[PDB]
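Enquirer: The residues making up each chain are set out below.
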Amino acid sequence: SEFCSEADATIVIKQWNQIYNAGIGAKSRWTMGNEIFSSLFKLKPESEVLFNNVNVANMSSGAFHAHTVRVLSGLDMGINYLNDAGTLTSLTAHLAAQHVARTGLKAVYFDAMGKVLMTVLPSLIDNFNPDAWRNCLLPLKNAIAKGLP
Amino acid sequence: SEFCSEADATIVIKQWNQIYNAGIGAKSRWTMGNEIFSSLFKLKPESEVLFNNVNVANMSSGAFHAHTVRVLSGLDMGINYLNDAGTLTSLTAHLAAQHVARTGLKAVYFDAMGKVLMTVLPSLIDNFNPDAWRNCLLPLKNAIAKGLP
Amino acid sequence: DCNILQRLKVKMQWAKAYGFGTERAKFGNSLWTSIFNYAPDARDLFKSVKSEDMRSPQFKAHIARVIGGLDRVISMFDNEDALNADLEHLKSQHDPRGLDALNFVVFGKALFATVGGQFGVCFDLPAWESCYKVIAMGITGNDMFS
Amino acid sequence: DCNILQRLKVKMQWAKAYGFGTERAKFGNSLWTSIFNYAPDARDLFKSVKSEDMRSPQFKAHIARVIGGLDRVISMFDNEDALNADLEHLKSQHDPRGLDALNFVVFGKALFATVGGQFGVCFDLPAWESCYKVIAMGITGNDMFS
Amino acid sequence: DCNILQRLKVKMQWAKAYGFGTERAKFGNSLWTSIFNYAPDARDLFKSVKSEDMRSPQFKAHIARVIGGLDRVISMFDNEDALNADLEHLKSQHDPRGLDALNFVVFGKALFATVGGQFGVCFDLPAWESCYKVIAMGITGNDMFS
Amino acid sequence: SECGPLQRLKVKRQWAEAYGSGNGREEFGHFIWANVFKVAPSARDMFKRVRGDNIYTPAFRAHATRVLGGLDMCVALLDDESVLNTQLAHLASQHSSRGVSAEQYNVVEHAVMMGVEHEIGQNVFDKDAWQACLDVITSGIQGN
Amino acid sequence: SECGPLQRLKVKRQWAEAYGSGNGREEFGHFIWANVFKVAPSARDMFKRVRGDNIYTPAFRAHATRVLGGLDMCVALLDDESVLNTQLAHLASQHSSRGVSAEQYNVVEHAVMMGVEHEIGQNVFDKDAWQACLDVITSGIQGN
Amino acid sequence: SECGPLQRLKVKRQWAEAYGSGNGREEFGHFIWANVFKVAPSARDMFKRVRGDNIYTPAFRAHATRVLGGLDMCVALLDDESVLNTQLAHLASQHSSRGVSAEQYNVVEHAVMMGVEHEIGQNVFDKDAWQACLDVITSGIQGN
Amino acid sequence: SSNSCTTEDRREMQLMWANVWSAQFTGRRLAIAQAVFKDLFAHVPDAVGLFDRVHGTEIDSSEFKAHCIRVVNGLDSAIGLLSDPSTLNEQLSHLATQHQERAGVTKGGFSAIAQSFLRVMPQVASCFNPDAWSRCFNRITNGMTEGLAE
Amino acid sequence: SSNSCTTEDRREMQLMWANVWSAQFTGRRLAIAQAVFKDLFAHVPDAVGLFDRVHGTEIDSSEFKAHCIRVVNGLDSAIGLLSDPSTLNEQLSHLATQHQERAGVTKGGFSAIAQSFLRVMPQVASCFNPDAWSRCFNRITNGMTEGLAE
Ligand SMILES: *[C@@H]1O[C@H](CO[C@@H]2O[C@@H](C)[C@@H](O)[C@@H](O)[C@@H]2O)[C@@H](O[C@@H]2O[C@H](CO)[C@@H](O[C@H]3O[C@H](CO[C@H]4O[C@H](CO)[C@@H](O)[C@H](O)[C@@H]4O)[C@@H](O)[C@H](O[C@H]4O[C@H](CO)[C@@H](O)[C@H](O)[C@@H]4O)[C@@H]3O)[C@H](O)[C@H]2NC(C)=O)[C@H](O)[C@H]1NC(C)=O
Ligand SMILES: *[C@@H]1O[C@H](CO[C@@H]2O[C@@H](C)[C@@H](O)[C@@H](O)[C@@H]2O)[C@@H](O[C@@H]2O[C@H](CO)[C@@H](O[C@H]3O[C@H](CO[C@H]4O[C@H](CO)[C@@H](O)[C@H](O)[C@@H]4O)[C@@H](O)[C@H](O[C@H]4O[C@H](CO)[C@@H](O)[C@H](O)[C@@H]4O)[C@@H]3O)[C@H](O)[C@H]2NC(C)=O)[C@H](O)[C@H]1NC(C)=O
Ligand code: HEM
Ligand code: HEM
Ligand code: HEM
Ligand code: HEM
Ligand code: HEM
Ligand code: HEM
Ligand code: HEM
Ligand code: HEM
Ligand code: HEM
Ligand code: HEM
Ligand SMILES: [Ca+2]
Ligand SMILES: [Ca+2]
Ligand SMILES: [Ca+2]
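Chains as they are written, first to last, in the authors' numbering: chain D, 1 to 149; chain D', 1 to 149; chain A, 1 to 146; chain E, 1 to 146; chain A', 1 to 146; chain B, 1 to 144; chain B', 1 to 144; chain B'', 1 to 144; chain C, 1 to 150; chain C', 1 to 150. A prime marks a further copy of an entry chain.
Think of the hints as simulated: they come from the structure by calculation, not from any bench.
Worth double-checking, as some hints may not be accurate.
Under the rule of at most 27 Å between Cα atoms (straight-line distance), these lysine-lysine pairs were calculated in the DSSO-like manner [claimed, not checked]:
1. E:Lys-47 - E:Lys-16
2. D:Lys-146 - A':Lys-9
3. C':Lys-107 - D':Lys-115
4. D:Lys-115 - B':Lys-12
5. B':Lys-12 - B':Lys-127
6. D:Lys-27 - B':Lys-12
7. B':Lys-127 - D:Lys-14
8. B:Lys-127 - D':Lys-27
9. B:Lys-10 - D':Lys-42
10. A':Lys-9 - A':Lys-26
11. A:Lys-47 - A:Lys-16
12. D:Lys-141 - A':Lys-26
13. D:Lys-106 - D:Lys-44
14. D:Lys-14 - D:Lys-141
15. A:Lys-133 - E:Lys-133
16. B':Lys-48 - B'':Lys-48
17. B':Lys-12 - A':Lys-9
18. B'':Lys-38 - B'':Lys-127
19. A:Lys-26 - E:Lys-16
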């Protein structure tokens, strides 16, 4: 239902657009995908096994890259729809139905993904704002990972 | 009748408002009262005796403080009414009737008060303007002290 | 009541609403137009300062003197000693005028309506009512402001 | 007091300050933020309407209901019969809540500060104080508003 | 065709026309209003996502999902491997829907008209037509986009 | 010259004005220390625990916030010797074990002044008053 | 600390932003060198052929344009070690005969940083990232 | 290089522009001396009679007004050697008893230049012309 | 609702605060500082002892004053840091460890001095917003009581 | 009226002056400088002697010129200081003592060179305001003739 105040979503959507958009060379996307997962894994390696189909065996495979991109692409759609609770609520329900109807996904894993992002992004974004993001990002996590044991 | 040009009264009324207004802690008012009189006296000690009722014996008395405040409060009303010659002329006539109907008050005393203020204020006000003040303050003095031997 | 917390407050709200320069003359004219409309009669008590016409420099100067005083008084709300010394000094100046303390009640409502209408919705009516009872009791002495 | 002249007046000043549409919700939020700051405690008396958060639709609806009532009551100031019939109807709704009449005094100051701060300097504080004592006496009954 | 030069180009024109924040939702609503006007029938293919009303959060979310996808796909135009991996991943998601490849042609014209009408006269229609045939062939597989 | 009564008032204000209220503060700080460590890079060896190597990091800005936050406490009291000393004192027992040279309590003094002038403008800045009273605050942390 | 993958992206941008596109460039340059020659006027003896005596002349601005133009080439490649080294190298064989002290490759590093911070603002400038990656570019011109 | 005819015209203007007309003057001055005494705090011992300790006081600003006021007189004459020398001279007999080192007539030269550039912008400032002609004015006060 | 301290809440608290608390008004500070603690103590008696090294029993002692001002000036630094959260975190945890080396200091201690503020502010600061203020006063203390017993 | 040099008078004089007197125009200065003294002398004959160390008899002497420009450039410095009176006072008295160590220099000397300006300005400067100018030319000389005989 309710995610983050408007001025918040604003700070988040701006910083995010600074480092994530279709105008960015595939070379950076890759670097972000890896960074984010090579950090997720070092936090919860027990989760690395969930990415078989996407060839997690090799994180440098056109197969796995596409997966990190569609993950980050989904997190792209949420941040950019923060100002529309209506649609955002549905978009995050739809994402839960999937991450849940999938086996072995523990909610604590997302929490791991949260801390990863919180730590990773500030290395890419100028004057990254931890608070605005926390108020906007947390609702997203819990909304997406609503049902994960 | 005529005191100081408008742009003048302006410079004076602004600087004055910077260091004198009801929002200022009683702690500063006191410091100004003393400063102004401890400087008036060192210039004309023969005038110190005029402040008996107000307990000049002790310059740190709730009795004397109130007096410096109503003096500075009267000089507050003049500076803030500089743009209205009409009322200001009457306000200064009223103040003369009093300082005169009072015994022992010599005009040279006010001149002393003038030099005191001119010297004291620039220690409180930023970029204090001696000229604008002189053009506005002198008329006030002479207008108030009109009749003092 | 009128503890120091509210005293420091009434000082800020006042200093703000009262303004400086022309603001002052204007604020005072509204306060007195409020007084003479709250109590038409109250006006005749000021014939000596040309209260026949509120725009006459005689009366504008009176306004300047009074709320000019109100300003100083309120400015000392944080120094009991001085505040009381000068609040007393006024009692003696006003005692002989033989003034019905009821007008001091009107000056209260006039004052409130003007500061509140100038300062905006966040006007602290209670704090103001209390700390003004202090000024009235100090001037009038009537146990009406207790 | 609160003669018809002031009743017709308080109606105009009110209707003006209260506004319509969003204005109403906004005016009410300021009045209640005034009440809970004048008397922090007064807040716990509204737990049933989610007074934990003033922005919750539960409480915004309460504000809508009350000053919504204040509006109707004041709207009848010129019809003793109706005014009293409905002023009575409220007494019965409020009697069982067992409410200290002292808050009704705060609601008075809150109300004043908000109408006055919204309507501007020409706020008639006296007329308002009087005609509100009528509403309080009609609701609370306490001889505190006599 | 659709050599890397045009791929880097279609990326810039897109990123620009698509915008961020509210821009995205708005751009998508125009693209889909274009699709359902180019081919009224195409609409009934989306009953499951409340295509009865385009403003319903159900459908706004669908728009968010699709052109949200279009965004990611185009974002990889410069990485054959990833682009193909994910372009394949979509084919499997769309294959079972048993969709006439003719709509993918409409999605092409809808897309063009919206990016071009949003990006201004310098829209590269050719570059866009070519590099989109790549996405269609990757999704539909129909030799209609060869 | 001397940090008299008048000079303490004009300083309280000029500071409060330049110390801002929470907007241009991160800049105030950064401006002072990026002057301290330029006139005395040697000094950064004392802020080893608060990343004195890079005055851009949070950890350090948090430090400068702590420092300038204290400078305030003091200026805020230049008009109350009693509660003032009681703080300058409570501060002396905190910078003893840190082995700070009085020469350093003078490089920071200047930096602060270069920043307050920077914020409020030279046209109005009052040095003799800022040099005077600032000294008083340092000759109190030094235990006198 | 280390010029990792993340740090190279944030640097590519911050630079591109501060290096402008051809407007505030003549100012970017002038700001860096008017810092280099202030912290090391000694250095100007190497730019004798490009009028290092007056950094206001065209001849010299053309030089600085050539230098900063190169710094770009490199930053532009911090995300491509292969073609990157191949340039840092092609640059090493060019500054050998010029007898440049590694101490100097560090005074220019700082100047560049004082200018990029100057252009994009301290509030966002990332030193540990700029100090890290800049080093990598110089420890390549020095032939390593 | 040489303070030719052309260079004297471009200097007359650039100065007049930066010396303003009575508004940003108090700032012009303050900017020059707050550079002189930073590169040579030693020098302030000569302006003891005009409060060289605090360049913020009236007494001193009045001094700087007197100095820069003179610099004008001269620049105003770079296009009249006759009446020019006659002033540079009348100035030489005034700075003799003051024991000024020619090294100092060069630290002020630079400060002035750092200020004129500051006022009118580096993008247009002409050093070889400002360095050239300024020298001529000092090598006249030094009696040549 | 969410209860999060939003950017708007921040701008508002920062403003309301800025007016009432500044080096401009010595005395404005003291008055508020004491008021707060004086409100805590009369609500949490066995709390005076926690401040013995600073004469918690003598509200007017030149020592406790210098204290009161320090604590509130601590809040000031924080409120001003709501504008730069990265820094405010480093600063709120340095304050966390620093409040752990003290005894009887509990998450419940703050919750009291929190009611302390909610009843004191509205008396000196005009245009006080209990809801917004609270969401951000809490945002600050949750970073202080990080490592602490209830 | 008051005769005081008001802030408006200042902005006006400063402006009118600025256009006619600047390092931009060498020659614009000389022309004015000489004009003034040349007007004084022919009105106050036994005044040339006061300027002997500077060839007061030879109006074109490269020495008197360098003089004329110095005196007027002195006025310039002052006029520009009308913007910062605190400084202008320190500067007008340093000029006062400095004009006392000279002989036959009188308050009446200035009053002449004052008429000197009032008849010269209006010929080169457009939009001259004798009244405003005068109120401020006087404001300046009253600080110069501080210690002087009529
Ligand atoms: C992680 O998985 C990747 C799998 O690679 C990715 O996924 C695959 C399914 C493909 O779609 C790839 O496109 C994609 O990168 C493993 O790394 C890849 O392994 C291939 C080997 O097949 C690397 O390719 C190198 O070799 C090709 C072809 O080399 C042959 O042909 C050339 C003529 O073009 C001859 O000169 C050679 O002698 C040889 O016979 C070649 O294009 C590249 O080599 C050239 O270019 C280099 C410059 O980068 C030069 O240094 C060489 O001297 C030469 O000129 C390729 O290096 C392919 O690059 C990698 N991909 C990556 C990311 O490097 C990877 O091993 C696995 N991880 C592990 C170790 O478990
Ligand atoms: C100039 O005149 C003033 C007159 O004082 C002023 O005018 C009067 C009419 C009153 O209205 C005063 O409020 C006003 O200040 C002379 O100075 C004042 O003199 C009084 C003495 O009566 C000073 O008061 C001190 O003492 C009081 C009460 O002390 C007694 O009670 C306390 C318990 O509260 C006991 O602990 C004591 O043992 C004693 O029996 C007390 O409140 C203060 O002392 C405490 O606080 C101090 C901190 O500031 C500590 O240092 C002490 O240890 C103690 O705890 C007062 O200091 C009153 O302060 C002054 N006023 C001023 C400005 O200081 C003044 O002497 C005269 N000038 C001369 C010398 O000619
Ligand atoms: C908030 C952050 C996250 C977002 C936005 C996100 C988004 C997505 C999306 C869009 C998909 C693709 C669904 C499709 O194929 O259509 C996906 C798949 C998946 N996600 Fe996430 N995800 C997030 C976090 C996680 C976490 C923390 C885990 C667990 C460790 C996870 C595990 C998976 C798995 C196992 C798949 C299926 C991969 C496959 O098809 O082979 N995700 N996610
Ligand atoms: C221009 C500056 C001055 C202003 C604005 C001023 C104002 C006032 C005011 C408002 C009062 C109070 C009248 C009342 O009680 O209602 C007053 C009283 C008085 N003033 Fe002044 N005054 C000034 C200068 C002076 C000077 C220079 C002296 C002489 C040395 C002086 C001596 C007095 C005396 C003796 C009283 C009566 C005190 C008493 O009631 O015990 N004033 N002045
Ligand atoms: C707290 C509020 C009030 C303050 C601060 C105040 C202040 C003053 C002052 C300073 C003066 C003149 C002093 C002088 O002549 O130098 C004055 C005069 C006077 N006041 Fe008040 N006053 C207040 C309320 C009232 C009220 C409520 C009335 C009653 C209707 C009143 C009636 C008068 C009268 C009749 C005079 C004499 C005017 C004259 O003829 O000069 N005042 N007041
Ligand atoms: C004259 C001013 C007031 C008016 C017109 C008014 C009107 C109303 C109305 C219309 C309702 C609800 C009727 C319904 O449920 O349909 C109500 C409820 C209530 N009022 Fe008032 N009221 C006033 C003052 C007060 C005051 C001063 C208090 C005391 C703190 C108060 C406390 C309450 C409470 C506790 C409820 C019950 C809320 C609930 O749980 O639903 N009211 N009031
Ligand atoms: C290249 C352009 C297109 C892209 C990138 C795209 C992408 C997607 C995605 C990402 C989904 C949903 C994935 C999920 O449930 O998580 C989807 C669903 C769907 N798409 Fe597309 N699509 C495209 C074109 C089309 C076209 C032309 C049609 C045909 C009319 C179509 C029909 C559908 C349908 C019917 C669904 C299922 C919706 C539902 O019930 O959830 N798509 N598409
Ligand atoms: C203007 C006067 C100064 C004030 C008000 C001041 C205030 C403070 C405060 C409040 C702290 C940290 C308290 C805590 O949270 O534990 C501190 C720490 C420190 N100060 Fe100062 N200080 C001043 C001058 C200096 C100077 C001149 C130096 C020396 C170069 C210095 C060096 C330090 C160091 C090394 C620390 C410890 C930082 C840490 O905990 O890692 N201070 N100062
Ligand atoms: C940031 C790293 C540096 C880069 C990318 C760089 C790049 C360049 C380039 C591209 C040229 C001229 C090529 C040509 O057109 O022939 C050049 C010339 C030169 N560089 Fe550097 N340089 C760097 C650092 C330095 C340093 C630290 C010094 C030493 C103080 C230096 C001294 C010189 C000299 C003396 C020249 C010759 C200028 C001339 O041709 O007259 N460079 N540099
Ligand atoms: C740019 C060339 C310079 C010009 C045009 C110049 C001009 C002047 C003038 C007009 C005076 C005061 C005349 C008076 O009113 O009696 C003066 C005084 C002085 N000058 Fe210079 N000056 C120059 C350079 C310097 C330098 C480089 C120094 C040395 C650091 C210096 C040191 C002094 C001192 C110590 C005084 C005396 C101040 C006093 O009277 O207290 N001047 N200069
Ligand atoms: C969130 C609001 C609070 C802030 C901003 C705050 C801030 C501070 C600061 C700045 C100090 C002194 C640091 C130094 O000496 O350098 C301090 C000390 C202290 N605080 Fe707090 N504090 C807060 C809440 C509390 C609470 C709720 C308690 C609990 C009872 C508490 C107990 C203490 C104690 C016992 C000390 C040590 C006092 C001493 O040195 O004698 N604080 N606090
Ligand atoms: C208010 C307008 C005047 C200004 C601004 C002014 C300014 C000056 C200046 C700047 C100097 C030279 C200082 C130096 O050598 O460093 C000077 C010198 C002198 N002035 Fe004036 N002056 C004014 C009016 C007068 C008047 C009315 C007389 C009277 C007859 C006068 C007589 C002199 C003399 C005799 C000298 C010395 C000339 C010499 O060195 O040979 N001045 N004046
Ligand atoms: Ca010192
Ligand atoms: Ca290095
Ligand atoms: Ca030279």
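Enquirer: Against this structure, judge whether each hint is valid.
Expert: Do the hints match the structure? See the list:
1. E:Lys-47 - E:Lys-16: With a Cα-Cα distance of about 31 Å, the restraint between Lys-47 (chain E) and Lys-16 (chain E) is violated, given a limit of 27 Å.
2. D:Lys-146 - A':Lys-9: violated, 40 Å
3. C':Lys-107 - D':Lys-115: Answer holds: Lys-107 (chain C') to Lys-115 (chain D') is near 24 Å, not above 27 Å.
4. D:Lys-115 - B':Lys-12: With a Cα-Cα distance of about 25 Å, the restraint between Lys-115 (chain D) and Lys-12 (chain B') holds, given a limit of 27 Å.
5. B':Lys-12 - B':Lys-127: Roughly 13 Å separates the two Cα atoms, so the pair holds.
6. D:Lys-27 - B':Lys-12: holds, 12 Å
7. B':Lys-127 - D:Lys-14: Status holds; Cα separation ~23 Å.
8. B:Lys-127 - D':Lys-27: OK: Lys-127 (chain B) and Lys-27 (chain D') at ~24 Å, within 27 Å.
9. B:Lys-10 - D':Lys-42: holds, 23 Å
10. A':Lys-9 - A':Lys-26: At roughly 23 Å apart (the allowed maximum being 27 Å), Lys-26 (chain A') and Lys-9 (chain A') satisfy the hint.
11. A:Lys-47 - A:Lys-16: Roughly 31 Å separates the two Cα atoms, so the pair is violated.
12. D:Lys-141 - A':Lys-26: holds, 25 Å
13. D:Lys-106 - D:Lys-44: Given that 27 Å is the threshold and the Cα spacing comes to 10 Å, the pair holds.
14. D:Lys-14 - D:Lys-141: holds, 19 Å
15. A:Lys-133 - E:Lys-133: Distance of about 21 Å is within 27 Å: holds.
16. B':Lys-48 - B'':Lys-48: Measuring from Cα to Cα gives roughly 41 Å; hence the hint is violated.
17. B':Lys-12 - A':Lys-9: Since the Cα atoms of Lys-12 (chain B') and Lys-9 (chain A') sit roughly 20 Å apart, the hinted pair holds (cutoff 27 Å).
18. B'':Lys-38 - B'':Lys-127: OK: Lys-38 (chain B'') and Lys-127 (chain B'') at ~21 Å, within 27 Å.
19. A:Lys-26 - E:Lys-16: OK: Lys-26 (chain A) and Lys-16 (chain E) at ~24 Å, within 27 Å.
Checked against the numbered hints given earlier, this structure breaks hints 1, 2, 11 and 16; the rest are met.
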